[PDB]
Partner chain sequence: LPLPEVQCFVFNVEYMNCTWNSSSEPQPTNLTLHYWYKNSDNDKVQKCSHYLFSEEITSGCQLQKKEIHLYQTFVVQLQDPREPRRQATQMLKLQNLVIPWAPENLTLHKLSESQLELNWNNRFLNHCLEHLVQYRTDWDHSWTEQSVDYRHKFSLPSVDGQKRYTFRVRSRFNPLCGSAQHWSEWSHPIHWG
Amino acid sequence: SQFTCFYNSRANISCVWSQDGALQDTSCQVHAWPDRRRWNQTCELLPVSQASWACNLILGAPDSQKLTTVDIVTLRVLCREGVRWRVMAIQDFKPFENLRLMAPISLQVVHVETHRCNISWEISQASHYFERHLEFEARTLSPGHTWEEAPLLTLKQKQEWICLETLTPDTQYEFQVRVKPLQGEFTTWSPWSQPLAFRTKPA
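Hey, can I get that sequence as one chain, in the form solved in complex with the partner chain?
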(Lines of atoms letter the chains of each structure in order from A and count residues from 1; the text may use other names and numbers.)
(Lines give C-alpha, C1' and ligand atoms only; values in the text may rest on other atoms or scores of the structure.)
Protein backbone atom coordinates (compact mmCIF):
# COMPACT_ATOMS: atom_id res chain seq x y z
CA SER A 1 0.00 0.00 0.00
CA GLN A 2 1.86 2.98 -1.43
CA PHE A 3 1.66 6.71 -2.21
CA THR A 4 3.97 7.91 -4.97
CA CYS A 5 4.32 11.38 -6.49
CA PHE A 6 6.62 13.03 -9.04
CA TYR A 7 7.30 16.63 -9.97
CA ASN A 8 7.89 17.69 -13.62
CA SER A 9 10.32 20.39 -12.39
CA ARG A 10 7.92 23.27 -13.12
CA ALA A 11 4.25 23.34 -12.08
CA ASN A 12 2.92 19.76 -12.13
CA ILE A 13 3.02 17.17 -9.34
CA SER A 14 1.39 13.87 -10.30
CA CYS A 15 0.38 11.35 -7.65
CA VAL A 16 -0.52 7.64 -7.64
CA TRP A 17 -2.13 5.92 -4.62
CA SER A 18 -2.20 2.11 -4.60
CA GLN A 19 -4.32 0.29 -2.04
CA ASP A 20 -3.46 -3.26 -0.89
CA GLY A 21 -6.74 -4.54 0.52
CA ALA A 22 -10.10 -2.84 1.06
CA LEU A 23 -10.82 -0.58 -1.94
CA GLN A 24 -12.32 2.88 -1.25
CA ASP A 25 -15.60 3.68 -2.91
CA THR A 26 -15.91 7.27 -1.66
CA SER A 27 -14.21 10.44 -2.78
CA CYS A 28 -10.47 10.72 -2.22
CA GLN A 29 -8.21 13.70 -2.90
CA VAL A 30 -4.61 14.64 -2.73
CA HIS A 31 -4.03 17.77 -0.68
CA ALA A 32 -0.76 19.73 -1.16
CA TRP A 33 0.28 21.91 1.74
CA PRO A 34 3.64 23.68 1.03
CA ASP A 35 5.66 24.69 4.11
CA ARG A 36 6.68 28.13 2.76
CA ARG A 37 4.14 29.23 0.11
CA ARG A 38 0.80 30.99 0.52
CA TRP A 39 -1.32 28.49 -1.45
CA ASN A 40 -2.60 24.95 -0.92
CA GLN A 41 -3.79 22.82 -3.83
CA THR A 42 -5.93 19.67 -4.30
CA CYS A 43 -6.87 17.19 -6.98
CA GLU A 44 -9.58 14.51 -7.13
CA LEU A 45 -8.19 10.96 -7.28
CA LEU A 46 -9.62 8.90 -10.15
CA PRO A 47 -9.10 5.14 -10.77
CA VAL A 48 -6.37 4.30 -13.33
CA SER A 49 -5.70 0.54 -12.95
CA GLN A 50 -7.14 -2.38 -10.93
CA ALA A 51 -6.17 -1.02 -7.45
CA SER A 52 -4.47 2.39 -8.12
CA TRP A 53 -5.79 6.00 -8.08
CA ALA A 54 -4.21 9.09 -9.71
CA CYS A 55 -4.45 12.88 -10.15
CA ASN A 56 -2.37 15.94 -10.99
CA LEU A 57 -1.71 19.04 -8.90
CA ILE A 58 -1.39 21.88 -11.40
CA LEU A 59 0.36 24.71 -9.56
CA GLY A 60 0.42 27.23 -12.44
CA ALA A 61 1.14 27.69 -16.11
CA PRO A 62 3.00 24.83 -17.91
CA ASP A 63 6.48 26.36 -17.91
CA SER A 64 6.30 28.36 -14.65
CA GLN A 65 8.69 27.57 -11.79
CA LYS A 66 6.41 27.07 -8.78
CA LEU A 67 8.77 25.18 -6.51
CA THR A 68 12.42 25.13 -5.61
CA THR A 69 14.85 22.74 -4.07
CA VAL A 70 14.18 24.21 -0.57
CA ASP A 71 10.39 23.70 -0.67
CA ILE A 72 8.85 20.87 1.35
CA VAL A 73 5.23 19.99 0.53
CA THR A 74 3.10 17.97 2.92
CA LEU A 75 1.13 15.69 0.56
CA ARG A 76 -1.89 13.82 2.05
CA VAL A 77 -4.58 11.53 0.67
CA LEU A 78 -7.90 12.51 2.22
CA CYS A 79 -10.89 10.19 1.79
CA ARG A 80 -14.46 10.92 2.70
CA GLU A 81 -16.00 8.88 5.51
CA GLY A 82 -19.54 10.10 6.11
CA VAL A 83 -19.13 13.86 6.46
CA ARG A 84 -15.47 13.85 7.72
CA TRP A 85 -12.20 13.80 5.69
CA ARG A 86 -9.78 11.07 6.81
CA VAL A 87 -6.04 11.31 6.27
CA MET A 88 -5.22 7.96 4.59
CA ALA A 89 -1.59 8.62 3.62
CA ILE A 90 1.05 11.32 4.20
CA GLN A 91 4.49 12.27 2.91
CA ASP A 92 6.94 15.16 3.26
CA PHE A 93 7.52 15.73 -0.44
CA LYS A 94 10.82 17.26 -1.51
CA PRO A 95 10.04 18.27 -5.14
CA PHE A 96 13.62 18.19 -6.44
CA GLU A 97 14.16 14.78 -4.81
CA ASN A 98 11.24 13.28 -6.80
CA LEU A 99 11.68 14.45 -10.41
CA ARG A 100 10.17 12.90 -13.50
CA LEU A 101 10.22 15.13 -16.53
CA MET A 102 7.89 15.27 -19.49
CA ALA A 103 8.88 13.01 -22.35
CA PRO A 104 11.00 14.76 -25.00
CA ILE A 105 9.09 16.32 -27.92
CA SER A 106 9.50 17.69 -31.44
CA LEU A 107 11.37 14.65 -32.68
CA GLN A 108 12.49 15.13 -36.30
CA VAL A 109 14.81 13.67 -38.89
CA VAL A 110 17.67 16.15 -39.43
CA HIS A 111 19.38 14.23 -42.25
CA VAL A 112 18.88 10.63 -43.41
CA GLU A 113 21.26 8.54 -45.55
CA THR A 114 21.41 4.89 -46.60
CA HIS A 115 23.15 3.63 -43.42
CA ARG A 116 22.74 6.64 -41.09
CA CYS A 117 20.20 9.02 -39.62
CA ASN A 118 20.61 12.11 -37.45
CA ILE A 119 17.53 12.69 -35.26
CA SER A 120 17.01 15.71 -32.98
CA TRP A 121 14.55 16.46 -30.17
CA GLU A 122 13.66 19.07 -27.55
CA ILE A 123 12.83 18.87 -23.88
CA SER A 124 9.70 20.43 -22.40
CA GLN A 125 8.69 22.14 -19.18
CA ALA A 126 12.25 21.61 -17.88
CA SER A 127 13.61 23.88 -15.12
CA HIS A 128 16.60 26.11 -15.68
CA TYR A 129 17.80 24.85 -12.28
CA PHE A 130 19.15 21.70 -14.04
CA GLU A 131 21.47 23.68 -16.29
CA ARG A 132 23.05 20.82 -18.35
CA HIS A 133 22.96 18.11 -15.64
CA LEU A 134 20.60 15.90 -17.67
CA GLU A 135 20.99 12.61 -19.51
CA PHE A 136 19.02 10.74 -22.21
CA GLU A 137 18.39 7.21 -23.42
CA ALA A 138 17.20 6.28 -26.86
CA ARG A 139 16.15 3.18 -28.73
CA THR A 140 15.33 2.09 -32.28
CA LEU A 141 12.59 -0.30 -33.46
CA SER A 142 13.84 -2.63 -36.22
CA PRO A 143 11.81 -4.68 -38.77
CA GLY A 144 12.62 -7.97 -37.04
CA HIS A 145 12.04 -7.04 -33.50
CA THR A 146 10.09 -5.46 -30.64
CA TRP A 147 10.68 -2.37 -28.47
CA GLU A 148 11.67 -4.68 -25.59
CA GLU A 149 14.44 -6.21 -27.75
CA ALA A 150 15.84 -2.78 -28.80
CA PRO A 151 19.02 -1.92 -26.92
CA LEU A 152 19.08 1.22 -24.76
CA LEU A 153 21.41 3.83 -26.28
CA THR A 154 23.05 5.88 -23.49
CA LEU A 155 23.72 9.62 -23.59
CA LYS A 156 25.37 10.66 -20.31
CA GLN A 157 25.21 14.36 -21.18
CA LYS A 158 22.76 16.96 -22.40
CA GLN A 159 22.85 16.03 -26.09
CA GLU A 160 19.61 16.58 -27.98
CA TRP A 161 20.41 14.55 -31.13
CA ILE A 162 21.78 11.18 -32.06
CA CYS A 163 23.52 10.00 -35.21
CA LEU A 164 22.56 6.37 -35.72
CA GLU A 165 25.21 4.35 -37.59
CA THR A 166 25.25 0.93 -39.35
CA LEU A 167 21.59 0.94 -40.42
CA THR A 168 20.27 -1.06 -43.43
CA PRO A 169 19.18 0.73 -46.66
CA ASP A 170 15.52 1.26 -47.69
CA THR A 171 14.43 0.11 -44.24
CA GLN A 172 11.60 1.38 -42.07
CA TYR A 173 12.60 2.32 -38.50
CA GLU A 174 11.04 3.96 -35.44
CA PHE A 175 12.89 5.92 -32.77
CA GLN A 176 12.16 6.93 -29.18
CA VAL A 177 13.96 8.92 -26.47
CA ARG A 178 13.55 9.70 -22.77
CA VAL A 179 15.24 12.07 -20.31
CA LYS A 180 16.17 12.54 -16.70
CA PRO A 181 18.04 14.99 -14.50
CA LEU A 182 20.87 13.70 -12.38
CA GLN A 183 19.53 15.47 -9.29
CA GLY A 184 17.38 13.74 -6.66
CA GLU A 185 17.35 10.49 -4.71
CA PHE A 186 14.01 9.27 -6.14
CA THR A 187 14.31 10.90 -9.57
CA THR A 188 13.27 8.62 -12.45
CA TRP A 189 13.18 8.55 -16.26
CA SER A 190 10.57 10.48 -18.20
CA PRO A 191 8.18 8.44 -20.26
CA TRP A 192 9.37 7.57 -23.77
CA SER A 193 8.71 10.19 -26.43
CA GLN A 194 6.27 9.46 -29.17
CA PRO A 195 7.96 7.16 -31.69
CA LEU A 196 9.27 8.96 -34.76
CA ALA A 197 8.92 6.92 -37.97
CA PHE A 198 11.64 7.27 -40.62
CA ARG A 199 13.05 5.44 -43.63
CA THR A 200 16.66 5.05 -44.74
CA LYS A 201 17.40 6.01 -48.34
CA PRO A 202 17.68 3.17 -50.89
CA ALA A 203 21.20 3.43 -52.46
Given for the second form:
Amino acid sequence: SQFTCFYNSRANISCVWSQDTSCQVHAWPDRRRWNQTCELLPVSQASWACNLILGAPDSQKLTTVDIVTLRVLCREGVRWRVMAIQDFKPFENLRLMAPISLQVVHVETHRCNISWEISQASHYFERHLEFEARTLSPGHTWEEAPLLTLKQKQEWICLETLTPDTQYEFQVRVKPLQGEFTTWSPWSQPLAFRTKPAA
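Rather than the form solved in complex with the partner chain that you just supplied, could I have the structure of the form solved without the partner chain?
Just this one chain is shown here; partners and other molecules are left out.
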Protein backbone atom coordinates (compact mmCIF):
# COMPACT_ATOMS: atom_id res chain seq x y z
CA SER A 1 0.00 0.00 0.00
CA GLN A 2 2.46 2.64 1.22
CA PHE A 3 6.28 2.55 1.20
CA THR A 4 7.85 5.56 2.94
CA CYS A 5 11.51 6.11 3.82
CA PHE A 6 13.46 8.91 5.45
CA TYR A 7 17.12 9.86 5.62
CA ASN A 8 18.79 11.28 8.73
CA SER A 9 21.19 13.47 6.58
CA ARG A 10 24.23 11.24 7.25
CA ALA A 11 24.22 7.43 6.84
CA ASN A 12 20.84 6.09 8.01
CA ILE A 13 17.77 5.51 5.82
CA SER A 14 14.76 4.14 7.73
CA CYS A 15 11.87 2.61 5.78
CA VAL A 16 8.28 1.76 6.68
CA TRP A 17 6.08 -0.59 4.64
CA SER A 18 2.40 -1.39 5.20
CA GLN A 19 0.34 -3.80 3.09
CA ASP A 20 -3.22 -5.11 3.22
CA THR A 21 5.61 -12.82 5.45
CA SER A 22 9.38 -12.64 4.90
CA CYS A 23 10.24 -9.28 3.32
CA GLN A 24 13.29 -7.06 2.82
CA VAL A 25 14.21 -3.58 1.65
CA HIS A 26 16.92 -3.64 -1.03
CA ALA A 27 18.93 -0.42 -1.40
CA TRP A 28 20.59 0.17 -4.78
CA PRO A 29 22.49 3.48 -4.97
CA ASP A 30 23.10 4.49 -8.57
CA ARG A 31 26.76 4.51 -9.64
CA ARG A 32 28.09 3.49 -6.20
CA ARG A 33 30.01 0.33 -5.35
CA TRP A 34 27.74 -1.18 -2.68
CA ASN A 35 24.21 -2.47 -2.18
CA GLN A 36 22.51 -3.23 1.11
CA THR A 37 19.38 -4.88 2.48
CA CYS A 38 17.51 -4.93 5.78
CA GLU A 39 14.88 -7.37 7.04
CA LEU A 40 11.45 -5.80 7.41
CA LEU A 41 10.21 -6.48 10.95
CA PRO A 42 6.77 -5.87 12.50
CA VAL A 43 6.45 -2.47 14.15
CA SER A 44 2.67 -2.36 14.34
CA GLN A 45 -0.20 -4.67 13.51
CA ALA A 46 -0.34 -2.81 10.19
CA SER A 47 3.23 -2.04 9.14
CA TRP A 48 6.82 -3.26 8.98
CA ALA A 49 10.08 -1.32 9.17
CA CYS A 50 13.87 -1.61 9.11
CA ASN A 51 16.91 0.64 8.89
CA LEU A 52 19.61 0.74 6.22
CA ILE A 53 22.82 1.74 8.03
CA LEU A 54 25.12 3.04 5.29
CA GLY A 55 28.21 3.61 7.43
CA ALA A 56 29.45 5.28 10.59
CA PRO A 57 26.81 7.40 12.37
CA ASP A 58 28.26 10.83 11.48
CA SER A 59 29.61 9.90 8.03
CA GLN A 60 28.29 11.76 4.99
CA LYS A 61 27.52 8.71 2.84
CA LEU A 62 25.17 10.43 0.40
CA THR A 63 24.99 13.78 -1.38
CA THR A 64 22.49 15.50 -3.69
CA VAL A 65 23.79 13.62 -6.75
CA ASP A 66 22.88 10.27 -5.18
CA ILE A 67 19.82 8.30 -6.25
CA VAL A 68 18.97 5.20 -4.20
CA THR A 69 16.50 2.80 -5.78
CA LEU A 70 14.57 1.23 -2.89
CA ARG A 71 12.65 -2.03 -3.36
CA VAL A 72 10.45 -4.06 -1.05
CA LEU A 73 11.11 -7.71 -1.92
CA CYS A 74 9.03 -10.53 -0.42
CA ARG A 75 9.32 -14.31 -0.59
CA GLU A 76 6.89 -15.94 -3.02
CA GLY A 77 8.11 -19.44 -2.29
CA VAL A 78 11.66 -19.59 -3.66
CA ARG A 79 11.30 -16.43 -5.76
CA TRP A 80 11.51 -12.83 -4.55
CA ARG A 81 8.68 -10.55 -5.71
CA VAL A 82 8.94 -6.77 -5.99
CA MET A 83 6.12 -5.38 -3.83
CA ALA A 84 7.03 -1.67 -3.88
CA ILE A 85 9.73 0.54 -5.38
CA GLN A 86 10.89 4.15 -5.51
CA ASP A 87 13.85 6.14 -6.70
CA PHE A 88 14.90 7.97 -3.54
CA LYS A 89 16.60 11.36 -3.63
CA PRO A 90 17.92 11.44 -0.04
CA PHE A 91 17.85 15.19 0.63
CA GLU A 92 14.26 15.36 -0.59
CA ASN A 93 13.30 13.05 2.33
CA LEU A 94 15.13 14.36 5.39
CA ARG A 95 14.09 13.50 8.93
CA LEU A 96 16.78 14.28 11.45
CA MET A 97 17.44 12.57 14.75
CA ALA A 98 15.61 14.06 17.71
CA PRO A 99 17.71 16.74 19.47
CA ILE A 100 19.81 15.33 22.29
CA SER A 101 21.77 16.53 25.33
CA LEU A 102 19.04 18.83 26.62
CA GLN A 103 20.01 20.68 29.78
CA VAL A 104 18.77 23.57 31.87
CA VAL A 105 21.27 26.37 31.39
CA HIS A 106 19.52 28.69 33.86
CA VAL A 107 16.10 28.59 35.54
CA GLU A 108 14.35 31.42 37.35
CA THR A 109 10.80 31.99 38.62
CA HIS A 110 9.10 32.72 35.27
CA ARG A 111 11.71 31.81 32.66
CA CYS A 112 14.11 29.04 31.74
CA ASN A 113 16.96 28.86 29.25
CA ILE A 114 17.30 25.34 27.80
CA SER A 115 19.92 24.25 25.25
CA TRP A 116 20.26 21.15 23.09
CA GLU A 117 22.48 19.51 20.48
CA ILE A 118 21.82 18.51 16.87
CA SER A 119 23.35 15.08 16.27
CA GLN A 120 24.18 13.18 13.06
CA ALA A 121 23.99 16.25 10.82
CA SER A 122 26.59 18.48 9.21
CA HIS A 123 27.14 21.96 10.59
CA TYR A 124 25.54 23.09 7.32
CA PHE A 125 22.16 21.78 8.44
CA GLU A 126 22.43 23.42 11.87
CA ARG A 127 22.17 26.76 10.04
CA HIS A 128 19.12 25.80 7.93
CA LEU A 129 16.74 24.45 10.58
CA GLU A 130 13.35 25.18 12.08
CA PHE A 131 12.59 24.16 15.68
CA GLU A 132 9.43 23.43 17.64
CA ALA A 133 9.34 23.49 21.45
CA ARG A 134 6.57 22.58 23.88
CA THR A 135 6.14 22.29 27.63
CA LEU A 136 4.22 20.04 30.00
CA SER A 137 2.75 21.52 33.17
CA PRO A 138 0.71 19.98 36.00
CA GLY A 139 -2.91 19.42 35.06
CA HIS A 140 -2.26 19.53 31.30
CA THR A 141 -1.31 17.15 28.49
CA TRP A 142 1.38 17.24 25.83
CA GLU A 143 -1.35 17.88 23.25
CA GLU A 144 -2.49 20.97 25.20
CA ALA A 145 1.09 22.24 25.40
CA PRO A 146 1.75 25.79 24.21
CA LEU A 147 3.80 25.37 21.04
CA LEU A 148 6.64 27.62 19.88
CA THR A 149 8.05 27.40 16.34
CA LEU A 150 11.29 29.15 15.46
CA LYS A 151 13.39 29.65 12.31
CA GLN A 152 16.79 30.44 13.81
CA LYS A 153 20.42 29.29 13.94
CA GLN A 154 20.41 28.76 17.68
CA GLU A 155 20.34 25.59 19.78
CA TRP A 156 18.83 27.17 22.89
CA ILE A 157 15.55 28.79 23.87
CA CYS A 158 14.57 31.03 26.77
CA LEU A 159 11.00 30.15 27.69
CA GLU A 160 8.96 33.08 29.02
CA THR A 161 5.63 31.32 29.58
CA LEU A 162 6.27 29.82 33.03
CA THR A 163 4.81 30.20 36.56
CA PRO A 164 6.91 30.11 39.77
CA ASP A 165 7.75 27.01 41.83
CA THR A 166 6.25 24.57 39.28
CA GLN A 167 7.36 21.24 37.78
CA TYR A 168 7.72 21.26 33.99
CA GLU A 169 8.86 19.06 31.16
CA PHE A 170 10.26 20.41 27.89
CA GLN A 171 10.56 18.78 24.45
CA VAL A 172 12.05 20.05 21.18
CA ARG A 173 12.04 18.79 17.59
CA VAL A 174 13.81 19.90 14.40
CA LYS A 175 13.13 20.13 10.66
CA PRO A 176 15.52 21.21 7.87
CA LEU A 177 14.19 23.96 5.59
CA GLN A 178 14.91 21.91 2.44
CA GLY A 179 13.53 18.85 0.68
CA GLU A 180 10.08 18.27 -0.79
CA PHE A 181 9.12 15.44 1.61
CA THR A 182 11.21 16.50 4.63
CA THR A 183 9.37 16.02 7.95
CA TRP A 184 9.81 16.84 11.63
CA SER A 185 12.17 14.74 13.70
CA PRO A 186 10.64 12.87 16.65
CA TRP A 187 10.36 14.86 19.85
CA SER A 188 13.39 14.87 22.09
CA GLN A 189 13.29 12.99 25.36
CA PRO A 190 11.47 15.31 27.80
CA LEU A 191 13.66 17.44 30.06
CA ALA A 192 12.36 17.84 33.62
CA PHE A 193 12.96 21.02 35.62
CA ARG A 194 11.32 23.11 38.32
CA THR A 195 10.97 26.89 38.37
CA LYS A 196 12.25 28.75 41.40
CA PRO A 197 9.92 29.93 44.17
CA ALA A 198 8.56 33.45 43.92
CA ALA A 199 10.66 35.88 45.94
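Under this definition, the rigid core comprises the largest set of C-alpha atoms superposing within 1.5 Å between the forms. Shifts are known only where both forms have a C-alpha. Positions refer to the first chain, counted from 1.
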- [ ] Could you tell me whether the Cα atom of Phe130 shifts by at least 2 Å between the two forms after core superposition?
- [x] yes
Open item on the list: Relative to the superposed core, report the C-alpha shift of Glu81 between the two forms in angstrom.
Closed with: 1.0
